[PDB]
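Please build the complete structure, drawing on both the sequences and the hints.
Listed here are the chains, written in short residue letters.
4 protein chains.
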Amino acid sequence: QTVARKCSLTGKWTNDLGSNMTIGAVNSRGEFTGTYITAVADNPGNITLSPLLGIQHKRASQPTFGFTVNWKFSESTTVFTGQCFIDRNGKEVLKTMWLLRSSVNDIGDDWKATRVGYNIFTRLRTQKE
Amino acid sequence: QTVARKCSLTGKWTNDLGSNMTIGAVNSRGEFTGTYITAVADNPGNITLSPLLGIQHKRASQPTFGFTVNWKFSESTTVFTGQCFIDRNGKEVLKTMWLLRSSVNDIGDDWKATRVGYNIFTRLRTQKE
Amino acid sequence: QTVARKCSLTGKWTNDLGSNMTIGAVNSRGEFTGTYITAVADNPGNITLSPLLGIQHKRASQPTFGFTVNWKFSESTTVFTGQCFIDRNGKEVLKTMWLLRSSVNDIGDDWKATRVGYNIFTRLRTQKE
Amino acid sequence: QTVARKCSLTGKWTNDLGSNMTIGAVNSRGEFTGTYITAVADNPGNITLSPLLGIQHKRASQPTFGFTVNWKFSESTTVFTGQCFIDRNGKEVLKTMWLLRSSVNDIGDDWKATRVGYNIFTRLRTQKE
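Protein sequences, first through last, are from chains H, Y, G and V.
Per the numbering used here: the first sequence = residues 1 to 129.
Per the numbering used here: the second sequence = residues 1 to 129.
Per the numbering used here: the third sequence = residues 1 to 129.
Per the numbering used here: the fourth sequence = residues 1 to 129.
Warning: the hint list may mix true and false statements.
Any copy, or any two copies together, can satisfy a pair, since identical chains are not distinguished.
[Said to hold, decoys possible] List time: in silico BS3-like cross-link candidates among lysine-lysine, alpha-carbon distance up to 30 Å:
| no. | residue 1 | residue 2 |
| --- | --- | --- |
| 1 | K91 | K112 |
| 2 | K72 | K95 |
| 3 | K72 | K6 |
| 4 | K58 | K128 |
| 5 | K91 | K72 |
| 6 | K6 | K91 |
| 7 | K12 | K72 |
| 8 | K95 | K112 |
| 9 | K128 | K95 |
| 10 | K112 | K58 |
| 11 | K112 | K12 |
| 12 | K95 | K12 |
| 13 | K72 | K112 |
| 14 | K112 | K6 |
| 15 | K91 | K128 |
FYI, nobody ran anything at the bench for these hints, they're computed from the structure.
See the structure below:
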């Protein structure tokens, strides 16, 4: 639609689940920092931006990436792992997965303390004139 | 006292699968950087240290953590998510999971491009019992 | 009416990935048998119906289910686990996950031999509502 | 005991988590039925045998398998997917994974309603030659 074939996470994105994610600038190493907002929770009492850290590729046309999200209002951590593609028409999307980790009190309960899921993000409304 | 009710990732660990991980120092934000070595691969032709980045907790006795590992010898990314516990006797272990992301060329193949797994790390050479 | 606050797997479904599934009749125990067709594979040389066996609930309004799919043209097994919901308007969907198991030759490679994913199915041949 | 290159699930097994599983006889199609007992739960108020159903391979030396477990004391379903191996010495083990599915009330909560994990089973107390 405007680009021919290029993906960069720097900017902002929004997910079909309602979650939003914002990324400033990725370092030459490939690491990056960000701010992540969730619209759905197991206990939504005080959802805040969860700081994120991780790494992305920028060699391929549509590379893989991944990052941790460290919660603020409840002790937990969630990693995300996926790829950014370009549909037929020159439209950009992120097809990713996630993994949530509960904060148990015994090693005998680690088994239930894990949770996997899926997520799809897209470029937030850039609008036009 | 040391070794009894306190987990810090700073130092070195070793995994039952053969993989080793080394972490320098975790920042006051809770983020950290590191060097990760794998002993098993889908294509082991030139395994190197894969730079890692992420975040850990240090509030609880046995908190949750998580981090990305960005590959060098093949384009991929793998996140890790788990908790560090203290067994009955006062021994420290890491019970974690992982998630690998393949670098596809079409959005119609993202489905197979994900892979989940499990991993267990321990303190590399402590004392005895 | 047949449609209204009620989901039953017996009949046929189709997935957004292009895969299709057909289920005859579920037993009073809750077990059921079926025929499953995949449109995407790691090696698509001779895709056939993969026999399926498993169990479903029919107590709730939109219950959970799950089943194994035993491959024919390549030795593997894949389980599916999800729930059948009813959107706002009264429409039925299946939001499920899957898990694929490769047929390794050593216990030292079980780690890579697992694969998780997501899938969404709907009623094949729907009307306007 | 008289196996060192042959796996059959028919009999009984025990898991490192404390869960036990029992399987009668696998049908020539490759399907089977069984009784599964859990030692750990998210709400252990009345753990019972959960009926299981699924399919296994018996072509390879150490094949893959998989099956559903339909809960009795709480509405849920859990599939298992793994492989049975033979360690160096001629000892049999099952390295598998699991996936749990919660029984949500809205399609907007399917995201948290999934849970993945790992499990390892071994032959229960075998008799001598």
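Consistency of the hints with the structure:
no. : hint       : result
1   : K91 / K112 : between (38 Å within a copy, 22 Å between copies)
2   : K72 / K95  : both (25 Å within a copy, 22 Å between copies)
3   : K72 / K6   : between (33 Å within a copy, 21 Å between copies)
4   : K58 / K128 : within (25 Å within a copy, 43 Å between copies)
5   : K91 / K72  : between (33 Å within a copy, 29 Å between copies)
6   : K6 / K91   : within (10 Å within a copy, 37 Å between copies)
7   : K12 / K72  : both (21 Å within a copy, 27 Å between copies)
8   : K95 / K112 : both (26 Å within a copy, 12 Å between copies)
9   : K128 / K95 : both (20 Å within a copy, 29 Å between copies)
10  : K112 / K58 : between (35 Å within a copy, 21 Å between copies)
11  : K112 / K12 : between (33 Å within a copy, 24 Å between copies)
12  : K95 / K12  : both (15 Å within a copy, 27 Å between copies)
13  : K72 / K112 : both (22 Å within a copy, 18 Å between copies)
14  : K112 / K6  : between (39 Å within a copy, 23 Å between copies)
15  : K91 / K128 : both (10 Å within a copy, 28 Å between copies)
Checked against the numbered hints above, the structure breaks none of them.
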